[PDB]
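A lone chain, given as structure tokens: the form deposited in one PDB entry.
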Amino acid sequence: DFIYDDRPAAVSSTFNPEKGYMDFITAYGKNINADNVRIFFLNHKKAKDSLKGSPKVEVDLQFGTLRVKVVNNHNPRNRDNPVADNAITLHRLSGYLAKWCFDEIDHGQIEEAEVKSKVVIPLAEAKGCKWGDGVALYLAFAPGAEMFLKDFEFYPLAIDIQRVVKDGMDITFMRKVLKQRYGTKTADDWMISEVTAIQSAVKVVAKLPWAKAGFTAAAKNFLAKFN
């Protein structure tokens, strides 16, 4: 009576990031602008702890002009609460807005210019990557980019790999990306089929500063006078 537990059932996954993205756009597309994409991408972690502190399972948030209805599972008890396929987590939202940046870029040159001039990703910065390095590569640092592997040319995967080898990141964080699809190909398929594109991606990512989150170029060229 003091503590009661109850059963979750097994299932397979009916969640298509493409569809979730489209429904998300149809639902919120009027309040999305490069300004909000930018405050969010600067407010991801802040929102991470902000959700972490609060105990409500279904919180709505405001980034500037953007209103978002998000599921909160950062809070401990909620880590196993269910999440609808039309629902949005900060991870899913992040991926979605990254996707938005990617399409918006292709829409034309004025479109190409605005976001590029106004979009920087802290996670990408901390490793010293900027837009000039590549579009797919640069946007791939956004969490949730793993949902759109093709558009980002296997770069989120490669980045995760580099995190494992150089930053000794715990291997479990590759769990999510290793379930994800490459177009029509299931994980099991592309894990053997597409090794080439992946290795190429790894190379591409390798040729990057990878500064320590991050030291302006004066560092770490000065700290290699003392070692």
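Between two forms, the rigid core is defined as the largest C-alpha subset superposing within 1.5 Å. Numbering follows the first chain given and starts at 1. What changes on going to the form deposited in another entry:
- Annotation: Cα of residue 217 displaced by at least 2 Å between the two forms, core superposition.
- Core-superposed comparison between the two forms: CA of residue 80 displaced by 2 Å or more.
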Second form
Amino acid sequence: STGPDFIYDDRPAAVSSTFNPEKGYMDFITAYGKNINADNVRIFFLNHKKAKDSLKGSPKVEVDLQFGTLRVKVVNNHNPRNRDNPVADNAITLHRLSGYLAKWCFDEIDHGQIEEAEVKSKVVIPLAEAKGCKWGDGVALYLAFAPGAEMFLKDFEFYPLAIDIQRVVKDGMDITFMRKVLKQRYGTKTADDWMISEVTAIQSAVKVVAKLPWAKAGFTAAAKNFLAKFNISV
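Having displayed the form deposited in one PDB entry, please output the structure of the form deposited in another entry.
Left out here are the partners and the other molecules; the chain alone remains.
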């Protein structure tokens, strides 16, 4: 009795956003590196969306998820109530984990020929394949399609940014989705630095991404000529 019909609470986040992707990655590797392998990573990239919806459904504050043998304690920010709690710089989210695992594939491939073969034969990024990108297209480019990859703009050669740009231009993506990539750093350069100083490299990347099949994959060449014969720009 004497009880409010509705009741409301604050969402103070975030004060400073002092989050550093390189640090987050290094810490993450120190904490989970023993159980990270190509199998577990393949599983993650294949089950990201599902894990995401599972999180939007769940009420817990910290959820312990398992991919293969990879067990990770991750902060839930998908349902409205939980995310009201702001997310610390040492906390791991699905987005951050996706980025970290993308970078993991990137370094592991550099470890050598056998690791390269394993990662390339097992790791699949659906968002990359949907535009007809393969590993053969290049490591940085293929890995840039992974969510969170924008956290490592330099390693991926501006590719996440170029991809976002192309999704806006071609696929009519909402501009808001680019905001994440637009405060990110490029090596030591700040956004205000590389937005002015690196436009050339970014445009090169854009050209590279433009060479991709994109919407035109997968339609066989025969399919594309056929569609052309009926006045359809594929």
